[PDB]
Amino acid sequence: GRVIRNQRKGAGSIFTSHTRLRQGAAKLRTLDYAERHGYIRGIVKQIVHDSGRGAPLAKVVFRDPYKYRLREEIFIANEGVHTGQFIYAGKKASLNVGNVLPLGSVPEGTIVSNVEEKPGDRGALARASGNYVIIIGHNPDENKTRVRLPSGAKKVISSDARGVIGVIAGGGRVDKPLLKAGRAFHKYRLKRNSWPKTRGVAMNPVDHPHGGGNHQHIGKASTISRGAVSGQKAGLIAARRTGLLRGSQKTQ
Amino acid sequence: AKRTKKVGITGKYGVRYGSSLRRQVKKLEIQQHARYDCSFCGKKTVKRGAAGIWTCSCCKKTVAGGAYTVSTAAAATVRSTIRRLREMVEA
Amino acid sequence: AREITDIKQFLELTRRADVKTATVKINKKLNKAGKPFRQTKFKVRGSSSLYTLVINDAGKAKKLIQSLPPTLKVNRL
Amino acid sequence: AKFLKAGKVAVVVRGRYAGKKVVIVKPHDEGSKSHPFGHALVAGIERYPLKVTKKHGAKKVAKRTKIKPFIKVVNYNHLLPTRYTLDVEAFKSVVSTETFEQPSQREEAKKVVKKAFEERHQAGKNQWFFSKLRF
Amino acid sequence: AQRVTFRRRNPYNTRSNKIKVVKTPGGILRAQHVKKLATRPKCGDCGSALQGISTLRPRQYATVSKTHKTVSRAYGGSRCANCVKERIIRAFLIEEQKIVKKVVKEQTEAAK
RNA sequence: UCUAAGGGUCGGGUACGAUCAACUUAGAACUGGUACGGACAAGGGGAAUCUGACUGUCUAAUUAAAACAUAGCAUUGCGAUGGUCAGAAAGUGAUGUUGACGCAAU
RNA sequence: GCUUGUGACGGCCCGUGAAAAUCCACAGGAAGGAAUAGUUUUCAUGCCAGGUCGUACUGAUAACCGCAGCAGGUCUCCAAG
RNA sequence: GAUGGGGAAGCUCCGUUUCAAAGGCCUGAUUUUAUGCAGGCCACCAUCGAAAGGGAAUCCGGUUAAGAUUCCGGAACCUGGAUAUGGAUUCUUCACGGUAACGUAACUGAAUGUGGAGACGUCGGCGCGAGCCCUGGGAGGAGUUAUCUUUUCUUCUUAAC
Ligand SMILES: [Mg+2]
Ligand SMILES: [Mg+2]
Ligand SMILES: [Mg+2]
Ligand SMILES: [Mg+2]
Ligand SMILES: [Mg+2]
Ligand SMILES: [Mg+2]
Ligand SMILES: [Mg+2]
Ligand SMILES: [Mg+2]
Ligand SMILES: [Mg+2]
Ligand SMILES: [Mg+2]
Ligand SMILES: [Mg+2]
Ligand SMILES: [Mg+2]
Ligand SMILES: [Mg+2]
Ligand SMILES: [Mg+2]
Ligand SMILES: [Mg+2]
Ligand SMILES: [Mg+2]
Ligand SMILES: [Mg+2]
Ligand SMILES: [Mg+2]
Ligand SMILES: [Mg+2]
Ligand SMILES: [Mg+2]
Ligand SMILES: [Mg+2]
Ligand SMILES: [Mg+2]
Ligand SMILES: [Mg+2]
Ligand SMILES: [Mg+2]
Ligand SMILES: [Mg+2]
Ligand SMILES: [Mg+2]
Ligand SMILES: [Mg+2]
Ligand SMILES: [Mg+2]
Ligand SMILES: [Mg+2]
Ligand SMILES: [Mg+2]
Ligand SMILES: [Mg+2]
Ligand SMILES: [Mg+2]
Ligand SMILES: [Mg+2]
Ligand SMILES: [Mg+2]
Ligand SMILES: [Mg+2]
Ligand SMILES: [Mg+2]
Ligand SMILES: [Mg+2]
Ligand SMILES: [Mg+2]
Ligand SMILES: [Mg+2]
Ligand SMILES: [Mg+2]
Ligand SMILES: [Mg+2]
Ligand SMILES: [Mg+2]
Ligand SMILES: [Mg+2]
Ligand SMILES: [Mg+2]
Ligand SMILES: [Mg+2]
Ligand SMILES: [Mg+2]
Ligand SMILES: [Mg+2]
Ligand SMILES: [Mg+2]
Ligand SMILES: [Zn+2]
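Residue numbers (my numbering), protein chains in the order written: chain H, 1 to 252; chain X, 1 to 91; chain Y, 1 to 77; chain V, 1 to 135; chain B, 1 to 112.
Calculated from the structure, these hints are not laboratory results.
Be careful, since some hints might not be right.
Simulated restraints, written as ranges between beta carbons of each label pair [what the hints assert, rightly or not]:
1. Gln105(V) / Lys23(B): 53 to 61 angstroms
2. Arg2(Y) / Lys111(V): 38 to 46 angstroms
3. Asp87(V) / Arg122(H): 57 to 65 angstroms
4. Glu3(Y) / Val22(B): 21 to 29 angstroms
5. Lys66(B) / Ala73(X): 34 to 42 angstroms
6. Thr24(B) / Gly24(H): 47 to 55 angstroms
All residues carry an ideal CB built from backbone N, CA and C; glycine is no exception.
Construct the entire structure; sequences and hints are all you get.
Spelled out as structure tokens, the structure:
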């Protein structure tokens, strides 16, 4: 048989990200002396649109504590931050929207974005437009800080991990209907060649597990096991349940 | 003279895409093209471009906001719940 | 490629070391709405620029012709 | 208190001497045929003395501490009145309305203001009027 | 009714291949390629086309005298003279308030 | 072959005058073998049933369609020591200049 | 009026619409610099030099690809009444 | 797509700043003398890849059987290397003038840093430029003229800098 579509993507020829116009990589500052003993001041020189990205970016320039020079970082714009604002970054730093603080140093209920998984990875969690994490407690011995991630998951990370106070700008973007193919076209045009999607049930069997038949149908259960092998996994991979989710969601 | 009975700005799509989709768009589209009051300079010159980004005509300030409206209700309460928590660390 | 009117500066150009050749041009034109007059153009060829002095006064022209340095090649007309 | 008077130091906020410190010597608080606006005759500092160190020696110090002054009519709205102040007696009779108009009179005037300033810098009276504003 | 042709191999209408039509002393029409238009320099502080400064293409600023590339006040060919007015007042006021900040918290240390 | 309406430009003590230049539109007479968008140019319309919402896409060289796509709807996987995917292997690689308002799979 | 150029604006975006070479400016003040005479080549003028390869013509119902001087195919500028 | 490297029996595969001791400029030191060392920087880390992207600088007239923005003529411009005379500047050494926007023939400026230009979608109407189109008077040439037409056609141009 043929090699099915989801298998071709890993080679990354026509499926690599459409990257030319991107502003750069959004990252917290390097976790240097200033940030983990005191705090450092910067000015958001500009907040700007990143192509293919939901949320606007915030260009925030600092002084270099070791050489006479300006060094600029690329933050994700937390909603409310503006051109000309002073951003503070450090262990001892005020709990104001836009500043970046180690998770250990904010009370419970704090709402932060771009938070680090391990301390120093310059921003892992809560980056897409409209997302955030909430701190739900602390364990001062071992200095963990229990947080809740946008999925609902409740991970526990180091209290040294850094997050930026507030939520990420550009929320509600997904409440507007795309309304027509072209909008989705220009959407994925600046992300990657994932659109449009021929259904595996409209191809011949060479092409897909779902292919063929004199009527258009899946033919066997579309729930595929985790242990399935490449070229088998298409449909509902490892589905622990299926069907229209009725009743209240919201993890207990 | 009143030109259209309900479609308003949404009349450009005409009959296509279904009344309800058009209705939802018309809301956010009206939300997103509008002129807003500027916090800094007290004029109503904030307008959007590039969802998330809101800059003021004069006074040249640019604020990060919601995708089709300046302030989003979420970030609004987050402002206050941070205001509340902050005050717990001085008094 | 340059125009000149300072008759003093002009003679200073005509004796500038690099200047070896010049030329006088005689044109017949009219005077302000009516009769004709005789315009002369003194063109001094410098090593990188051609200076030309327009002397509309016919009398100022003749006096300025003999004023020319004797060691200067001066193509007539 | 009416403060733009004959002693107050100010910063020139527009023009070529923008950012440099001055002293009012004689205020024309309201109008002039020539200058129909609130203006002040001020002597200022154009090229400040360069910072001097112990490593600086015999004739380097004498060179480093030379001062280039200037004299200017200046609208009030282009001055920033400072809290400090500096005495004006050594060149009261020099920085005048008559002083401008005749370049020669401005040239001599600057000489008086120059020596009166360089003496003031040594034995560092006012110590701040002689410290370049950085911006 | 007289038509014209490019004067360089490049046959397409690219921005580096702009054309002007011109009437010559021969009494005929002939194209003449036009360099791309220059843009004005900009205040790094505010962003306006900072006045006083001549507007050329960047390599041409090396064939022009310094007076065309500056104005006499501080931050001449760099900032727009209202930003200079501002970075003056801001500088002076901050240095003043900075003095206020010290002796206030010096008296704090003497009475607390 | 006529009528009417629609403009510009210059002095006025601290109502108008004078002059120059444009096809538009409407109305009225006269006139012809009743003809006149005179060639050229230039929509047939209506009432229904089936079917795909629509614009869009494909069997180059017998199939353009009701087929594919699409927006919308719904389900599934995954918090990076990860999901899906590539490779003989690797201090290898795609998604990823990414982080659940995300990526991947139906 | 027509073609093109350009300006100040306005509409649109879950699309907000390259990069590097190169050139200039400013901040800075290291340093060097005159009275019996210095500093000045971003002002003017003057001196020398600028290599290597392409450059014909066709560009199509006959100069290209379609076994060919094939009714096919093959990127584009100028454009009168 | 090389390179310290890491795979692979191996042809070779992977990585491109990548777990690498990765390199070169300004001038001072010399008066054996030519370039050793005395400073201080830069840690930027190959290279290939556009005859439509970016980009130093030229025009008009004339000329050939066949070449021309390339020859001829005349008039420029850029870049690099030399440089000297004139102007400017200084005894208040490193220009003055304007309230200001800013003005100018000039009007010293190393390291370092910073700003700008290169450098950017699309459509719409509105404003202006150019070349074209239309047209009046005149000064010429041509056509028609049984009759009509102060008519029909045509010349009246001005490059870079
Ligand atoms: Mg297979
Ligand atoms: Mg990539
Ligand atoms: Mg595709
Ligand atoms: Mg589909
Ligand atoms: Mg699908
Ligand atoms: Mg099929
Ligand atoms: Mg199969
Ligand atoms: Mg199966
Ligand atoms: Mg099947
Ligand atoms: Mg089915
Ligand atoms: Mg200076
Ligand atoms: Mg050619
Ligand atoms: Mg200037
Ligand atoms: Mg100028
Ligand atoms: Mg009329
Ligand atoms: Mg009239
Ligand atoms: Mg029919
Ligand atoms: Mg259809
Ligand atoms: Mg077919
Ligand atoms: Mg077949
Ligand atoms: Mg069809
Ligand atoms: Mg067919
Ligand atoms: Mg439905
Ligand atoms: Mg290994
Ligand atoms: Mg065109
Ligand atoms: Mg834009
Ligand atoms: Mg510049
Ligand atoms: Mg020069
Ligand atoms: Mg060579
Ligand atoms: Mg040829
Ligand atoms: Mg032929
Ligand atoms: Mg053929
Ligand atoms: Mg004609
Ligand atoms: Mg390789
Ligand atoms: Mg190359
Ligand atoms: Mg090229
Ligand atoms: Mg090019
Ligand atoms: Mg020729
Ligand atoms: Mg020949
Ligand atoms: Mg030829
Ligand atoms: Mg020649
Ligand atoms: Mg010549
Ligand atoms: Mg030169
Ligand atoms: Mg001067
Ligand atoms: Mg630069
Ligand atoms: Mg730029
Ligand atoms: Mg470009
Ligand atoms: Mg030219
Ligand atoms: Zn404002």
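Outcome of the hint check:
no. : hint                                     : result
1   : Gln105(V) / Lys23(B): 53 to 61 angstroms : holds, 59 angstroms
2   : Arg2(Y) / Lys111(V): 38 to 46 angstroms  : holds, 43 angstroms
3   : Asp87(V) / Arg122(H): 57 to 65 angstroms : holds, 58 angstroms
4   : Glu3(Y) / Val22(B): 21 to 29 angstroms   : holds, 23 angstroms
5   : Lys66(B) / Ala73(X): 34 to 42 angstroms  : violated, 57 angstroms
6   : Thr24(B) / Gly24(H): 47 to 55 angstroms  : holds, 52 angstroms
Taken one by one, the earlier hints fail for this structure only at number 5.
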